[PDB]
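Colleague: What follows is each chain in one-letter form.
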Amino acid sequence: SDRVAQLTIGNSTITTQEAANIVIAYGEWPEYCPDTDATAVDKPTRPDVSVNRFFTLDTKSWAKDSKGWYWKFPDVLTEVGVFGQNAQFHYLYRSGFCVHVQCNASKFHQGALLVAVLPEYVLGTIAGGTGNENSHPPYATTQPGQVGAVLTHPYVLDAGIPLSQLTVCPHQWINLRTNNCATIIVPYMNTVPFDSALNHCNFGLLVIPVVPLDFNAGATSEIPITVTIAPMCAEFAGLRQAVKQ
Amino acid sequence: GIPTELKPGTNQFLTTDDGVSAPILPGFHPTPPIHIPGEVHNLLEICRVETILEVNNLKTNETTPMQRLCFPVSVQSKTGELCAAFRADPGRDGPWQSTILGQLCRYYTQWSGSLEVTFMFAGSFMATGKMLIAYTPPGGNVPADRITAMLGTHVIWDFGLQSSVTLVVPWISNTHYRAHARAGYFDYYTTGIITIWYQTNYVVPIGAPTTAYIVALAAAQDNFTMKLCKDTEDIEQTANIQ
Amino acid sequence: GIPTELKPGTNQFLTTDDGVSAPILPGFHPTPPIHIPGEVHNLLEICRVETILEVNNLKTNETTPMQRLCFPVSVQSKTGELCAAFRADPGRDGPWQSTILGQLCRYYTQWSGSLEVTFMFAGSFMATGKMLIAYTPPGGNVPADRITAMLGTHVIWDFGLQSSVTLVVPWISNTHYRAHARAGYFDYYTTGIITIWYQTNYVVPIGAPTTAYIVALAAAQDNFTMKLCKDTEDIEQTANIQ
Amino acid sequence: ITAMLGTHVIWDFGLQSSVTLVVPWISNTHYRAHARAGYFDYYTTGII
Amino acid sequence: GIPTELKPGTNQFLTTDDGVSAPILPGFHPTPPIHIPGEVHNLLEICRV
Amino acid sequence: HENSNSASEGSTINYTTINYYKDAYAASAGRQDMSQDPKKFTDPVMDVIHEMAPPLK
Amino acid sequence: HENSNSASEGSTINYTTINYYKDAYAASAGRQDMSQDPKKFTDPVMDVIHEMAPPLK
Amino acid sequence: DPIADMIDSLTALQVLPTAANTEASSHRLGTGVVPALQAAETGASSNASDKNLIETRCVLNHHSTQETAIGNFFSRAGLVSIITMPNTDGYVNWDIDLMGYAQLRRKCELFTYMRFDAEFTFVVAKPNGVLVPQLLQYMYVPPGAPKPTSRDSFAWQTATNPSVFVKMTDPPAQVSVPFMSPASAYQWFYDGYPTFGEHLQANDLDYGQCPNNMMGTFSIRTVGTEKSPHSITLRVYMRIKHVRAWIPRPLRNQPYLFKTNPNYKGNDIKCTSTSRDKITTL
Amino acid sequence: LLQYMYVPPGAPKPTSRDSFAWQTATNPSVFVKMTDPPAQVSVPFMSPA
Amino acid sequence: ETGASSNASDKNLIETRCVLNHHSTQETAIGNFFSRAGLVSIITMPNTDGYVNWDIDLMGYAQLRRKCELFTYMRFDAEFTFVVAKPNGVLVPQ
Ligand SMILES: CCCCCCCCCCCCC/C=C/[C@H](O)[C@H](N)CO
Ligand SMILES: CCCCCCCCCCCCC/C=C/[C@H](O)[C@H](N)CO
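Sequences listed follow chains A, B, C, D, E, F, G, H, I and J, in order.
Numbering follows UniProt numbering, with no gaps: position 107 of the first sequence is 185.
Numbering follows UniProt numbering, with no gaps: position 112 of the second sequence is 435.
Numbering follows UniProt numbering, with no gaps: position 183 of the third sequence is 506.
Numbering follows UniProt numbering, with no gaps: position 25 of the fourth sequence is 494.
Numbering follows UniProt numbering, with no gaps: position 13 of the fifth sequence is 336.
Numbering follows UniProt numbering, with no gaps: position 19 of the sixth sequence is 31.
Numbering follows UniProt numbering, with no gaps: position 50 of the seventh sequence is 62.
Going left to right, the eighth sequence walks through residues 567 to 574, 584 to 661, 667 to 862 as UniProt numbering numbers them.
Numbering follows UniProt numbering, with no gaps: position 23 of the ninth sequence is 737.
Going left to right, the tenth sequence walks through residues 616 to 661, 667 to 714 as UniProt numbering numbers them.
These are computed hints drawn from the structure, not numbers from a lab.
Hints may be right or wrong, so weigh each one.
Said to hold, decoys possible - Derived BS3-like pairs (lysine-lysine); straight-line CA-CA distance at most 30 Å:
#, chain 1, residue 1, chain 2, residue 2
1, G, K34, C, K330
2, C, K453, J, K626
3, G, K69, J, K706
4, H, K845, A, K142
5, C, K330, C, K382
6, B, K382, H, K850
7, H, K706, J, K706
8, H, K706, H, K845
9, I, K747, C, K330
10, B, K382, H, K845
11, H, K845, I, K747
12, A, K185, F, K69
13, H, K839, H, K858
14, H, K845, H, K727
15, A, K185, B, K382
16, A, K145, H, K850
17, B, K401, B, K453
18, H, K858, H, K706
19, B, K401, B, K382
20, C, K401, C, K382
21, H, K727, B, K453
22, G, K34, G, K52
23, A, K322, A, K142
24, F, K69, F, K51
25, I, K727, H, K706
Claimed, not checked - Some chain E residues judged to face chain B by a derived CB distance under 8 Å, without partners named:
#, residue
26, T339
27, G342
28, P356
29, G361
30, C370
For every residue, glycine included, the Cβ atom is placed at its ideal position computed from N, Cα and C.
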């Protein structure tokens with residue numbers, strides 16, 4: 079009876095009846111910055127309900143030949159709600175996250191998704207194909223917003239590193255015969271206690287179908303994937319006029 | 324001054340020598356460390372993490388390499404067929420190259436300890452079946468039939484609400500450590516062969532697909548160690564970087 | 324004698340190495356020290372002293388360089404105009420080069436801590452006025468109007484019997500230390516922009532002049548430190564001295 | 470994406486066939502008169 | 324540094340000299356020894372046969 | 013007595029270090045600490061999973 | 013025992029020095045003293061100025 | 567107090592010098608207790624052991640775990656630079677970037693963050709390996725300091741910059757270098773842009789460049805005023821000491837192309853494994 | 715100037731004078747000159763038995 | 616006008632948090648600022669009879685001269701290093 083779960087934070091609640099555990103990334107819960115680690119001297123703001131709540135992004139469609147999707151954090155929320163306004167009016171930000179990915183299907187469907195969190199997900203290019211061009215990814219690719227982007231070569235994760243050892247990162251699976259959701263709680267990971275929300279992305283969320291989706295003709299062919307996220311201990315400092323990017 | 328004599332080993336530069344060298348900045352103090360999650364102290368913490376085994380490493384899979392991460396299971400007409408077969412050597416070329424354990428083994432010369440392979444079934448809820456996953460100690464090739472393969476270490480896996488099973492590959496060796504197995508004299512250090520067989524059929528009703536897939540994951544146990552740190556053979560550099 | 328081995332680093336001359344060398348005069352004793360006022364033990368004692376900021380560093384001021392030490396304030400017709408704008412980077416080229424803090428920063432690579440800018444009004448006794456002095460954290464350019472600039476750290480200064488005010492520039496950074504800001508990748512280390520605006524007008528009666536001047540002074544706070552001592556770029560030597 | 474900025478609950482179908490959305494008392498006055506078209510839209514509760 | 328003088332015998336390689344040389348593998352630990360019968364400690368044990 | 017300026021103040025073991033200078037980063041590496049916490053990469057779940065119990069009951 | 017002939021007999025810290033000769037000026041520099049008196053360059057006035065009081069009342 | 571709502584890690588370390596012992600076990604028949612059935616969807620690794628799957632004996636093993644500690648894994652000098660003076669006026673200014681040689685780059689990029697002290701060794705010779713009596717000077721130029729423009733520049737006075745004078749017939753020079761980042765660790769991967777502003781296609785080179793890792797310029801010269809007739813070849817080797825590492829990553833399976841980006845040749849994607857013909861025949 | 719490198723079994727061996735294997739990032743290596751004294755290293759017991 | 620520097624702090628001008636910082640003040644001490652070897656002289660024997673008499677004046681090179689002239693008075697011990705070669709940098713037995 080641990081297959082049922084309820085996540086309540088702010089004015090939002092997620093219920094699930096077909097779940098695995100909750101993964102706490104590297105065994106650490108999100109926290110506020112203590113006085114020994116802080117360096118900036120001004121008092122930070124902690125809104126504590128209007129920013130620490132569940133945010134639901136756009137919905138993907140799992141087809142039979144999907145490659146995979148990725149999102150960048152906290153780039154997905156810089157234009158959404160009161161979190162997106164505090165991130166534009168302040169210079170520094172610090173927070174953890176609770177990521178929840180939903181995908182339900184019937185008992186006659188099959189497939190498996192790998193849902194992983196990779197910190198400092200730096201993207202590469204195909205270098206013009208032949209390897210001679212020093213190409214760089216565009217701004218819509220490195221920071222795709224709340225919509226997200228599609229992976230072009232998911233076997234090398236578009237960065238030259240294999241998918242087969244992506245499970246060294248905090249991860250869960252969505253196996254369609256077993257569960258319909260995955261939940262990872264991520265703390266703040268950086269070399270600095272605060273950072274910019276418009277210039278730096280802490281981690282990337284990767285959702286890749288390792289086993290492809292399959293069903294017989296006559297069943298439902300529209301299988302969607304929804305991502306719902308929540309900041310946990312959001313702090314903001316360095317107040318100045320609003321800067322969008 | 325004090326009478327001294329110089330010995331052999333004078334004015335040599337050994338790259339693995341640990342000593343005291345002169346500092347360049349007097350009175351310098353670094354930036355204070357903050358708390359970062361996910362600190363590693365030993366490489367054996369990474370070796371116990373399960374990563375995907377590429378059992379389906381076929382020559383026809385090289386242009387669609389996402390199919391190497393799962394191997395099929397289907398409805399059979401005859402009984403007792405084998406589904407897959409691979410060696411249990413983590414440092415040899417083959418399916419173990421795609422694991423983080425098989426990648427960190429390449430930085431060392433000898434290894435010891437027990438291994439584990441986990442198989443996860445990714446079919447429908449309505450699909451049933453039983454598989455026989457055997458581990459054979461060294462001495463022969465792949466067993467010809469199921470009644471030969473079950474004479475070694477094996478586990479019978481029933482599909483159900485728990486979608487995974489673990490085949491533990493126990494340390495059964497003559498030497499305390501094993502060097503990496505290879506064609507030639509170094510087949511003395513081989514571990515054996517892992518095979519998977521049909522115990523019963525893959526049974527399915529009307530309306531559910533007749534082919535499913537299994538993902539194999541591999542890690543190490545808590546008696547696993549490595550020694551004699553060396554250069555890896557996976558990265559190369561023929562052309563100059565940048 | 325005693326068996327020894329020579330290590331790498333033998334017969335090198337590192338200019339920052341601290342050791343023992345042979346004395347040239349045996350039995351020599353120096354002249355005894357007397358008490359002299361003004362002894363310095365640490366360079367941070369000099370960095371807390373206020374020196375003149377050259378906010379008026381114009382290209383038309385280069386042949387009359389005494390005008391770079393003060394910037395004017397006058398009677399305005401429109402409201403909310405800006406008087407001056409400059410960056411808060413003490414190690415960058417600009418107004419901070421004329422300070423002893425901005426000169427001693429050039430001998431180091433990284434800095435940390437809070438700063439202070441003091442503005443002293445040098446008009447008549449009969450002149451009144453209010454100014455808005457704002458500090459903006461990084462993210463944008465100079466604010467376009469007064470209602471954009473007051474969203475950051477600011478102070479409202481009223482002219483009176485106390486002729487000075489202090490704008491403290493607090494340490495608001497992501498890293499613990501800042502390298503010196505520069506055009507390129509090193510704009511990551513920028514501090515921000517200091518602007519001064521008219522809160523009300525510069526009001527004056529008959530018989531007193533309609534233009535006055537403000538002198539800006541700058542120093543460091545008691546949480547200020549520097550590190551990684553290096554060569555400065557202000558002095559050069561192309562021709563031989565003497 | 471506009472509607473989830475308020476109070477919400479995500480409901481998963483399963484062996485428990487029911488869910489409860491609690492509508493909490495979020496008002497300026499201590500009591501509410503009945504809402505109506507006109508001046509009495511001051512007393513409206515909101516939209517589900 | 325410390326004043327020193329080099330003596331005769333410097334930079335020679337005597338093959339019967341017993342000293343300390345630099346190790347090539349930091350942190351290496353050997354295979355543990357097991358019990359083998361027939362250990363010899365002195366060559367005079369063989370001479371009495 | 014030294015300036016306490018070393019990259020790592022931990023995992024170098026008690027003592028077991030050699031230095032001839034006043035700066036602590038000039039010292040040798042010494043023998044390493046054999047502490048390890050493998051369970052924050054292998055079992056990072058909220059409810060702990062016992063070995064013999066069914067892990068999804 | 014040494015000839016006590018060094019340029020500075022202060023601000024070199026207790027001990028923390030190395031010498032191999034009988035002359036004290038041949039020694040190494042050691043680690044520096046971290047004493048500082050900033051108030052004789054910043055507040056050198058006869059009547060002390062409190063921070064919150066008006067400084068010219 | 568009138569307002570009542572304004573009143574308001585999982586694992587630990589242990590010292591394990593040896594590998595784990597094995598206990599003796601017997602057979603087990605029963606219901607309810609199934610240690611072999613797992614659930615890989617939870618994100619947790621398998622906790623099944625030897626004694627729960629087979630019948631085992633007692634093994635007291637003393638295999639040490641010292642060599643796989645990350646201090647022993649990293650304290651080996653590897654090549655980071657090759658600098659040549661054929667650059668025909670007797671000096672080189674080299675911008676410090678240690679990601680140009682694949683062997684040390686793949687070892688360091690196993691982790692995301694790293695904080696260490698270094699030890700640099702300078703092995704210098706002629707391009708064919710012969711040594712001549714020749715005086716050289718290596719100078720470290722921190723960012724912001726003036727870099728030399730010629731062989732007789734004023735910047736070679738090194739009044740505050742750290743400098744080493746060495747001869748080619750000497751042993752190789754060794755220095756200790758501290759941790760000198762403005763942050764708390766070096767990061768080999770920086771997902772973002774250093775500055776603000778618009779991010780157009782002509783400024784796409786800025787992506788991934790962290791100024792917290794840029795350490796300055798390493799300068800070499802022949803000391804005299806006149807031109808030296810000898811060609812120089814300097815090889816730099818780096819040991820990593822006093823190391824701390826965070827957040828392990830997948831190891832790279834593609835050959836490196838450039839020093840600053842993870843770009844890979846897209847026409848030849850290498851498979852991580854060696855292929856075979858059939859899945860049933862090894 | 716010469717370079718001696720120990721290549722353990724399984725490690726890549728050099729194919730030319732300018733091979734990538736001479737980067738010796740994990741392999742133990744000695745750099746020495748011919749006019750130097752002879753090099754000395756200590757080697758442990760490294761059998762799997 | 617009093618000749619005194621400003622005594623206003625962070626906590627009296629803005630609202631601050633508590634910061635416990637451990638940034639050392641050791642490197643800006645004048646012992647660490649000055650204990651670096653800098654060039655003071657270049658002497659050449661092309667002065668064609670095999671000897672040079674050089675009058676000691678260490679104010680001929682601008683980098684160490686500007687560092688020392690930050691202060692009016694100074695009392696120190698020195699350490700002199702003599703790096704000698706040919707005009708092209710080659711060394712001979714001499
Ligand atoms: C005379 C002494 C000269 C030696 C000066 C060496 C100082 C440089 C030490 C830097 C330590 C590594 C810093 C980062 C290196 C990599 O290039 C960056 N991660 C680039 O990605
Ligand atoms: C064989 C030993 C030869 C070394 C002899 C060196 C003795 C000279 C040391 C003088 C110390 C500095 C004295 C003042 C130097 C400046 O030239 C003057 N201030 C000139 O303004």
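Colleague: Hint by hint, note whether the structure agrees.
Modeller: Here's how the hints hold up against the structure:
no.: 1; hint: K34(G) - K330(C); in the structure: 28 Å, holds
no.: 2; hint: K453(C) - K626(J); in the structure: 23 Å, holds
no.: 3; hint: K69(G) - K706(J); in the structure: 71 Å, violated
no.: 4; hint: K845(H) - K142(A); in the structure: 27 Å, holds
no.: 5; hint: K330(C) - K382(C); in the structure: 57 Å, violated
no.: 6; hint: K382(B) - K850(H); in the structure: 12 Å, holds
no.: 7; hint: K706(H) - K706(J); in the structure: 19 Å, holds
no.: 8; hint: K706(H) - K845(H); in the structure: 35 Å, violated
no.: 9; hint: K747(I) - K330(C); in the structure: 14 Å, holds
no.: 10; hint: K382(B) - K845(H); in the structure: 20 Å, holds
no.: 11; hint: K845(H) - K747(I); in the structure: 40 Å, violated
no.: 12; hint: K185(A) - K69(F); in the structure: 18 Å, holds
no.: 13; hint: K839(H) - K858(H); in the structure: 39 Å, violated
no.: 14; hint: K845(H) - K727(H); in the structure: 36 Å, violated
no.: 15; hint: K185(A) - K382(B); in the structure: 34 Å, violated
no.: 16; hint: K145(A) - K850(H); in the structure: 18 Å, holds
no.: 17; hint: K401(B) - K453(B); in the structure: 15 Å, holds
no.: 18; hint: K858(H) - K706(H); in the structure: 53 Å, violated
no.: 19; hint: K401(B) - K382(B); in the structure: 27 Å, holds
no.: 20; hint: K401(C) - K382(C); in the structure: 27 Å, holds
no.: 21; hint: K727(H) - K453(B); in the structure: 72 Å, violated
no.: 22; hint: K34(G) - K52(G); in the structure: 38 Å, violated
no.: 23; hint: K322(A) - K142(A); in the structure: 37 Å, violated
no.: 24; hint: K69(F) - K51(F); in the structure: 22 Å, holds
no.: 25; hint: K727(I) - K706(H); in the structure: 25 Å, holds
no.: 26; hint: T339; in the structure: 13 Å, violated
no.: 27; hint: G342; in the structure: 6 Å, holds
no.: 28; hint: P356; in the structure: 10 Å, violated
no.: 29; hint: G361; in the structure: 20 Å, violated
no.: 30; hint: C370; in the structure: 34 Å, violated
Going through the hint list in order, the structure does not satisfy hints 3, 5, 8, 11, 13, 14, 15, 18, 21, 22, 23, 26, 28, 29 and 30.
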